[PDB]
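So you can see what is in the structure, the chains are spelled out below.
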Amino acid sequence: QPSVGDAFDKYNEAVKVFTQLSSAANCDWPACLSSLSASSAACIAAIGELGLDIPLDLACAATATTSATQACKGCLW
Amino acid sequence: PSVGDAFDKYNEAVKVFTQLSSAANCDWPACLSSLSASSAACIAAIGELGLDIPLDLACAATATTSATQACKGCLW
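Here the protein sequences line up with chains B and A, keeping their order. Numbers in PDB author numbering are just positions in the first sequence, counted from 1, shifted up by 1. Numbers in PDB author numbering are just positions in the second sequence, counted from 1, shifted up by 2.
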């Protein structure tokens with residue numbers, strides 16, 4: 002089988018790349034998260050950390066039907 | 003789109019991992035409990051019975067090690 006360890010490494014690398022690029026951008030995570038139309042555990046956790054947890058921000062954003070909100074400019078698109 | 007492309011690759015890594023986990027005999031709830039990690043991602047992932055793959059991965063990334071038998075097929 003394809004290595005699940007490698008796939009986990011690639012997940013961690015994708016989070017790192019996003020974290021490096023997102024830190025350099027004009028992202029307001031609490032505003033972005035609140036703008037999302039997302040009812041999910043990931044969003045409860047992400048909003049609960051005031052957007053400070055980038056992995057939870059990403060998991061939350063993936064559960065929303067809308068990602069291209071004005072408040073999420075600089076964060077997700 | 004700098005962050006937009008990076009978010010797309012994040013989603014691809016999660017989607018690939020999701021399909022790969024089903025084929026690898028992974029017991030996510032057992033794996034999560036074996037990590038003994040009480041980070042926010044882990045509490046949320048455990049409450050979701052391991053069904054939320056993005057939170058499973060975020061939880062695993064907060065653990066000190068993935069070296070448990072319950073995480074064979076999930077993380078190694």
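The hints are simulated quantities; they were obtained by calculation from the structure and are not laboratory data. Watch out, some of these pointers could steer you wrong.
Stated by the list, open to error - Per label pair, the in silico range of CB-to-CB distance:
(1) A/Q21 x B/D29: 10 to 20 Å
(2) B/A26 x A/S35: 33 to 43 Å
(3) B/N13 x A/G6: 34 to 44 Å
(4) A/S38 x B/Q71: 40 to 50 Å
(5) A/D10 x B/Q71: 33 to 43 Å
(6) B/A32 x A/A69: 36 to 46 Å
(7) A/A25 x B/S38: 29 to 39 Å
(8) B/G75 x A/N27: 33 to 43 Å
(9) A/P3 x B/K17: 33 to 43 Å
(10) B/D29 x A/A69: 17 to 27 Å
(11) A/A32 x B/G75: 15 to 25 Å
(12) A/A32 x B/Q2: 17 to 27 Å
(13) B/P31 x A/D29: 32 to 42 Å
As the list claims (entries may be wrong) - The calculated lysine to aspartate or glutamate pairs, modelled on DMTMM-like cross-linking and capped at a C-alpha distance of 25 Å, are:
(14) A/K74 x A/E50
(15) A/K11 x B/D29
(16) A/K74 x B/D7
(17) B/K17 x B/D7
(18) A/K74 x B/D10
(19) A/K74 x B/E14
(20) A/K11 x B/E14
(21) A/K11 x B/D54
(22) B/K74 x A/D29
(23) B/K11 x B/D54
(24) A/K17 x A/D29
(25) B/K11 x A/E14
(26) B/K74 x A/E14
(27) A/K17 x A/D7
(28) A/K74 x B/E50
(29) A/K11 x B/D10
(30) B/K11 x A/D10
(31) B/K74 x B/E14
(32) A/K17 x B/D10
(33) B/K17 x A/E14
(34) A/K17 x A/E50
(35) B/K11 x A/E50
(36) A/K17 x B/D54
(37) B/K74 x A/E50
(38) A/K74 x B/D29
(39) B/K17 x B/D54
(40) B/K17 x B/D29
The beta carbon of each residue, even a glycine, is placed where N, CA and C say it ideally should be.
Okay, the hints, checked on the actual structure:
1. A/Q21 x B/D29: 10 to 20 Å: violated, 33 Å
2. B/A26 x A/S35: 33 to 43 Å: holds, 37 Å
3. B/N13 x A/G6: 34 to 44 Å: violated, 20 Å
4. A/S38 x B/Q71: 40 to 50 Å: Holds, at about 41 Å.
5. A/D10 x B/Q71: 33 to 43 Å: 20 Å Cβ-Cβ, so the 33 to 43 Å window is violated.
6. B/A32 x A/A69: 36 to 46 Å: holds, 40 Å
7. A/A25 x B/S38: 29 to 39 Å: Holds: the Cβ-Cβ distance is about 32 Å, inside 29 to 39 Å.
8. B/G75 x A/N27: 33 to 43 Å: holds, 41 Å
9. A/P3 x B/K17: 33 to 43 Å: The hint (33 to 43 Å, Cβ to Cβ) is violated, given that A/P3 and B/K17 are roughly 18 Å apart.
10. B/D29 x A/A69: 17 to 27 Å: Taking Cβ atoms as reference, B/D29 and A/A69 lie about 39 Å apart, which means the hint is violated.
11. A/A32 x B/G75: 15 to 25 Å: violated, 39 Å
12. A/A32 x B/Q2: 17 to 27 Å: holds, 19 Å
13. B/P31 x A/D29: 32 to 42 Å: holds, 35 Å
14. A/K74 x A/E50: Holds. A/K74 to A/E50 sits at ~20 Å (cutoff 25 Å).
15. A/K11 x B/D29: holds, 21 Å
16. A/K74 x B/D7: holds, 13 Å
17. B/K17 x B/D7: Given pair B/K17, B/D7 holds - Cα atoms ~15 Å apart, limit 25 Å.
18. A/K74 x B/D10: It holds: about 15 Å lies between the C-alpha atoms, which stays within 25 Å.
19. A/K74 x B/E14: holds, 21 Å
20. A/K11 x B/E14: Between A/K11 and B/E14 the Cα gap is close to 10 Å, so the pair holds against 25 Å.
21. A/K11 x B/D54: Within the cut-off at roughly 18 Å; holds.
22. B/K74 x A/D29: Measuring from Cα to Cα gives roughly 37 Å; hence the hint is violated.
23. B/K11 x B/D54: Answer holds: B/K11 to B/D54 is near 19 Å, not above 25 Å.
24. A/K17 x A/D29: holds, 18 Å
25. B/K11 x A/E14: holds, 10 Å
26. B/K74 x A/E14: holds, 20 Å
27. A/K17 x A/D7: Measuring from Cα to Cα gives roughly 15 Å; hence the hint holds.
28. A/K74 x B/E50: violated, 30 Å
29. A/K11 x B/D10: Answer holds: A/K11 to B/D10 is near 13 Å, not above 25 Å.
30. B/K11 x A/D10: holds, 13 Å
31. B/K74 x B/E14: Since the Cα atoms of B/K74 and B/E14 sit roughly 22 Å apart, the hinted pair holds (cutoff 25 Å).
32. A/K17 x B/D10: holds, 14 Å
33. B/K17 x A/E14: holds, 14 Å
34. A/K17 x A/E50: It holds: about 18 Å lies between the C-alpha atoms, which stays within 25 Å.
35. B/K11 x A/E50: Satisfied, since the Cα-Cα distance of roughly 23 Å is no more than 25 Å.
36. A/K17 x B/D54: Roughly 21 Å separates the two Cα atoms, so the pair holds.
37. B/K74 x A/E50: Answer violated: B/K74 to A/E50 is near 29 Å, above 25 Å.
38. A/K74 x B/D29: violated, 38 Å
39. B/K17 x B/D54: Holds, at roughly 12 Å.
40. B/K17 x B/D29: holds, 18 Å
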